[PDB]
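A.B. asks: Fit chains B and C to the given chain A structure using the hints.
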Amino acid sequence: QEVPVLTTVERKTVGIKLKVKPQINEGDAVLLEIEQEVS
Amino acid sequence: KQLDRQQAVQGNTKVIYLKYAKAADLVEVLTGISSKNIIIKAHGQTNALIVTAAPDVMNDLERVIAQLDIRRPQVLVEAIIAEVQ
Amino acid sequence: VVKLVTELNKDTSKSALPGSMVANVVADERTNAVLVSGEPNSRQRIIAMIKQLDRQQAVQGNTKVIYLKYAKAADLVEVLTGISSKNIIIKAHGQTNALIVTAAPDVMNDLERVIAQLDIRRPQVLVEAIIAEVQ
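Chains as they are written, first to last, in UniProt numbering: chain A, 456 to 462, 475 to 506; chain B, 254 to 288, 305 to 354; chain C, 204 to 288, 305 to 354.
The following block holds chain A by itself, in its conformation from the complex:
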C-alpha cells in the first residue's frame, strides 16, 4: 500500500521494493547489486 506523511505532504510506499541489476560475465556467473525492504 501507499500512505502519506506530513512532510503539506507527499506520497509514501510501504511494502516489498525489490530492485536489481544483473550482469552476466562468464559462461555461468552473475552480478547482482540488489536492494530491497519489507516494510
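Worth flagging that the hints you see were computed from the coordinates, not collected in a lab. Note that CB positions come from ideal geometry on N, CA and C, so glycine has one too.
Restricting the straight-line Cα-Cα distance to at most 25 Å, the calculated cross-link-like pairs of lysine-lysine (BS3-like) are:
hint, chain 1, residue 1, chain 2, residue 2
1, A, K488, C, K310
2, B, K272, C, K272
3, C, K305, B, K305
4, C, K272, A, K488
So these bits of chain B aren't anywhere near chain A, every CB distance computed over 12 Å:
hint, residue
5, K254
6, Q255
7, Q259
8, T266
9, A276
10, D278
11, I286
12, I307
13, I308
14, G313
15, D325
Residues from chain C shown here face chain A by an in silico Cβ test under 10 Å; the list is partial:
hint, residue
16, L271
17, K272
18, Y273
19, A274
20, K275
21, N316
22, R340
C.D. replies: Leaving out everything else, chains B and C in the frame of chain A:
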C-alpha cells in the same frame, strides 16, 4: 569516353539494417573512428542507420557492427525471506 | 593511394626530364578507379605500383573490438584515457558490455596486456558482528 563509365554499385552511401540493438545509442557511441569525417545518421522510424562516410574503409564498420548486433540472454532472479518473532 | 603516389614517385634533386615523357595521376571517388596518362614506357611503372599497392589485408587491425568479462566498461573508459598521447579514442558500449579501441594499430598490445591484467574474478568476504550487554 573513358570517364563516362557505369557504376557497378554506388558505394558513396549504403544503408544497413541492424537487428537486435537499437540505433539511438549506436549513433552517439560511434562518433569517431577515423577523424573529411564520418557522418552517421540513424533513422529511428524503421530502426535502421546510415553511413555516408568513407566509401573505401566501410569494411571497418561492417565488421564492428556485425560484432555489435547480437541476441542477448536474460536471467531470472528470485529472492526469499523469512523470519519468526 | 594517389594522395600517396606523388610522395613516393615525385621528383629528384634534378628533374628526370622536361614535363613530357612522365605521367600525371588523378582520381575520382565515384567509381573507385584511378586515372593515368602518359607514354608506353612511363605508365607501366604506375601500373606496377598499383599492382603492388593493391594488396589484400590479412586482418584489418585499424579497429578491433574486445569483450571484457568481469569488470564493467563504464569505469574503464574514464580510468583509461591517456597511455601514449594522434590520440587513443576509447569508446565503451554498455548495451552489450563491450568496449572498442580505435587507436594505434601497432601498439595495441600494450592494451591487450593491461586489460588482461585488469579483468579478474574477485573474491568476496562475509562479515558478522555481535554485541551483548547486561543492565
